[PDB]
Amino acid sequence: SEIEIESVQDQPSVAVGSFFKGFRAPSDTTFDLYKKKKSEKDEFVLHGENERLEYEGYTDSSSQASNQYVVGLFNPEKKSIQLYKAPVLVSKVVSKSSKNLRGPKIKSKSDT
Amino acid sequence: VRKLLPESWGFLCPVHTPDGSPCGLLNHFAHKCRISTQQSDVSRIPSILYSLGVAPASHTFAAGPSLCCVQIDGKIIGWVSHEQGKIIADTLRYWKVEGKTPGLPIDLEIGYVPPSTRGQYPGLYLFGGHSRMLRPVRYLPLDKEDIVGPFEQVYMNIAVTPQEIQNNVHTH
Amino acid sequence: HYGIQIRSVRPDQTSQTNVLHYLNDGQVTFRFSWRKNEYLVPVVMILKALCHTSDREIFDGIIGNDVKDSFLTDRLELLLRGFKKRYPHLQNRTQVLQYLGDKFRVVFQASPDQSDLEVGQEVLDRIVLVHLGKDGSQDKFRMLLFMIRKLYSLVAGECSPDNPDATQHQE
Amino acid sequence: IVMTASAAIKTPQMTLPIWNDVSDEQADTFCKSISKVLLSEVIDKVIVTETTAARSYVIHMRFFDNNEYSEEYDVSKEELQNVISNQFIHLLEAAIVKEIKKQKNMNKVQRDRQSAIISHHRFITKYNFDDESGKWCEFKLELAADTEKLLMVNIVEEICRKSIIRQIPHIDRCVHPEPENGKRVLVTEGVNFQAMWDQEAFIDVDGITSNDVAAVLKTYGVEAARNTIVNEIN
Amino acid sequence: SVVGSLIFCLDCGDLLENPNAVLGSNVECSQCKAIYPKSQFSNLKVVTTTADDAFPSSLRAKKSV
Amino acid sequence: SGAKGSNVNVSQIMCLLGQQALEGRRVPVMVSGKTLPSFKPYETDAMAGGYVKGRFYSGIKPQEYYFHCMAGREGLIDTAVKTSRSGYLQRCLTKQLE
Amino acid sequence: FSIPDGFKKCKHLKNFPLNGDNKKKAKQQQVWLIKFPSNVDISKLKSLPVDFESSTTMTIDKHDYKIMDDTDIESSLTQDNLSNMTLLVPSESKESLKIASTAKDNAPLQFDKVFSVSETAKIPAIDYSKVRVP
RNA sequence: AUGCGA
Ligand SMILES: [Zn+2]
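Residue numbers (full-length UniProt numbering), protein chains in the order written: chain Z, 8 to 119; chain E, 517 to 688; chain B, 231 to 401; chain C, 1225 to 1276, 1286 to 1337, 1438 to 1567; chain P, 2 to 66; chain Y, 931 to 1028; chain D, 23 to 156.
It should be emphasised that the hints constitute simulated quantities derived from the structure, not laboratory data. Keep in mind that a hint or two might mislead.
[To be verified] Below, in silico cross-link-like pairs of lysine-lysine (BS3-like), each with a Cα-Cα straight-line distance of 30 Å or less:
hint	chain 1	residue 1	chain 2	residue 2
1	C	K1331	C	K1256
2	D	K47	Z	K85
3	Z	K99	D	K120
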């Protein structure tokens, strides 16, 4: 009893993204993919935006270099997998409100 | 503080102790004890761990006494099953005594902490950094010398002589 | 009585002891030392200071799959909700850094040169788990969460405390 | 003794001579019968279900069997009723008040009890009791949003060890050591002469002795404390 | 999201203000704008228990044999 | 004759040391459940508790030398502190009854 | 944005045949996540012993492997959405990824099976008869 | 004080 491998896809197609438990994003949110061709290997960075927040994710290169993720779709009836190489991207979401700040100090001098 | 603890076996001398105020305060190293003065090849250890099945902490997304945490020099790198805790500890010792994995210095201390009811919080804390106290013992499965530190020793079955090696128990 | 002690030592072997305390109130406070005087800060501040994150990322960082600890669920809700009580105005990490720079600017001697963002971040870099080094701020975040989890596991009593005087725990 | 004359012995004890007629079994009954009994000592489990739209605390304390605590502490479920309904609840509810300050089946006779306890206690709302044994005591507590958050389990823990089924002031436990080279006696780990004064039918009171110098001085006077010092040091 | 007795902002992940401290239904996020109790509520309840430690006794030992 | 020694010493040379004790009880055990590296966790052997069957005339196994070192030290420690808590016992009332 | 000059624009994506053999709750298809040491070249495989359930040991050029299979992380009979292990599906090289679903239910799905390749090692047994010489 | 004789 072993599952057979039907097909392998070796070129960029599918990606994987880490988020907060509850991530749902707009029905339309779009994900900008980026690519790095480092020497002979690719490092990937994802960036997206929404009406309030903006979500940015990137790869842990030292774990990327030591482990590689593969996803496949199997059919039990066709016994077949479509393999896809996918980058896992650790995503964080900042909002526009997360873009406000104070002066570089609280305006103090000597006595204070 | 002055009480001689059994943890000191192989590290502090059970008889070299002054008598008076300092008694128990002025300990003495074993004649075979060594002190780490550097740190090495810690950078390559994550790569091998990743190969061994450690899930990267960004991907792991789990934490608890219910899971073994693999850490290197206080850099938390991942989580696995406690069973994988033991598999990693032993296979790690094999690759330690082996000579084909240069990213793995002989003097690394493999802190395995098994799961234990109200025991020490589990994990696989490796250490390669400075000031580790290290002492040689003979690793039997590869019949060659291995450097052990006091942390990992706690959970290690070291027979004191070859005739008392208990089956399935003493690894050194 | 419960608490965690990690002795972070920088590559150069200079040391910095960091302590976590569990308050009876569920609050956790962090002890450190600057100009060899001691200073206490709420840990949720140093968490939001290390990396931009969601509350769900910190919660998930601590309890994770452990969704069954009513004990931890409630203490940790006291922690996060309590921070929301104290500082409703620290809405983002940068502002938090401005709060730290503003409160330590008098003593970190960076003034007439550094902004509260620089003074704050330099503090994090010089105090919190310096063994992890500069730019380890996600890694320092993960480790600090590990100490919070170990601290609550000690609090419940599901694990024993260690012995500082055991040779086992020493260098 | 000598250095501090501490009025707080670490192990203050009172030796009790038991009459020649006092059977060994009577003595064991008295040993159990005098020892302090905290409510905690009989408690098996405490479940607090805080549901928040008053703040609901459904505290179900499922105890041991009636016979279990009846054979360890010689107490009944009715005595459990009185202690919970009068002491335990009042102290826990007061401790809850302290925590707020820190922030700032179902029969008619049972319904009459529950309503009466509500009438005696400001926070409590429901009362369901295992009247068939005492196996549990469940009561619903409702609070305003303004109550925020507390660790009610921890509150319970603290209140359980502060409620006593049976307490002789200062007296903890009566043990049955083997009699030897002298009269049969029972050594209690606490000092309260006045309470043994009621036990005169088992104790030739004239023969009570103790390691507590101060208590002797207060009760039996200066010469008795003197003789206790010379005996204890001896 | 609601978990146990915590309710996180579904859009942002913020542990938004308790439906109890709201006048509307939709607990709105302090980072996002989502509705809430406007949308119901995580009938917040926890089956909290004792650690089986607070109550030492011989009878506890009588549970051990 | 009682010139020096006790029958205890004679048995310690000629028979066995026996069970070492500390503060009134048997050998310390690590949090792992092991009393010595060489002992599996929870070894129920008397030796693993510190009972020394070897004697000075025929020697003691190393695990027993490691325990007898415990007893000898903690003895010398008590010996060095009891006298510091007994000076105050003398002087505190010697001032009074002088 | 398109930051860190060390990055490139995208030019090549691929349609996901989500429904060319889907039927609503009728096709028992699966999506898997598998962790592979960089040392192995997955594309040069031909079958996969994941069906071994637990004994998913595998031997690739005398290299020994174990495929750890987990039914949790995602197929848990316990929690609703235990995973942020988000699936992001494309369509065309000119369209951005999408949150996985099986209809338009805003439903993040889960991986039916998660596997992990771990390099096995001999760790040979002690020759007791040779070592414990008296 | 550090160390040490008893
Ligand atoms: Zn929000």
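Tell me, in ascending order, the numbers of any earlier hints that this structure violates. Those not satisfied come down to hint 1.
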